[PDB]
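Take a look at this one chain, the form solved without this ligand, written out in structure tokens.
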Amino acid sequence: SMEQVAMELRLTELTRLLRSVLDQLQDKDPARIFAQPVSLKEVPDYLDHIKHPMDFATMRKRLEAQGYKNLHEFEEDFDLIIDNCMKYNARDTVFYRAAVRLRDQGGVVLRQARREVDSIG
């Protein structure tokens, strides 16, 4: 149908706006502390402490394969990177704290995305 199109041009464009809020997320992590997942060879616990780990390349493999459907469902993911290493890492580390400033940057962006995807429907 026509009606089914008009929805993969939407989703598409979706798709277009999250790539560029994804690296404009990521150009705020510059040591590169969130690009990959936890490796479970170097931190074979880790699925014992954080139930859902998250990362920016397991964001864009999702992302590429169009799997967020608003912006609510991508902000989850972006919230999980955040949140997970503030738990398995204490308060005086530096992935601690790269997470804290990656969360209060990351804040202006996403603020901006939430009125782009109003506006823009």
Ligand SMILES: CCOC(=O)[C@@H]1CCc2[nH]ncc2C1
The other form holds:
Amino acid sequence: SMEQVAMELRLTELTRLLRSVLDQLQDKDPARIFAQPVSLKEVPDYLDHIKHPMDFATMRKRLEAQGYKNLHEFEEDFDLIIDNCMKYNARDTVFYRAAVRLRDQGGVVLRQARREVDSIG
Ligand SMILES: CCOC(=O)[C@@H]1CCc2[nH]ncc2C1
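Structure of the form deposited with this ligand bound, please, following the form solved without this ligand?
Shown next: the complete complex, the earlier chain at its head.
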């Protein structure tokens, strides 16, 4: 159907816009602390602590599969990156501090992404 094509065009453009948000968010992590999944080889008990791991590479796979239906889903996953880190790591660690910084800097990016998503429909 034509509707299904228009639908896919909007999903495809949502993906274009989310790709740009993801690039901007990941730019705020020059240390690449959040770039890849936490290694279950190097942290064998991680899943005892964190039930839903997340990282930027995993977000990007879902993004390119067009697996984000709206900004809220995308934001949930970003929030998992931050919140998992701030649980597993203690407050004084470079990891926890990097998550605080990423949350603070990313807040700005996501504020304007929400306006753009609403505005463009
Ligand atoms: C570069 C490796 O960094 C880490 O080892 C983790 C940072 C992200 C994270 N999320 N939950 C635990 C951890 C430790």
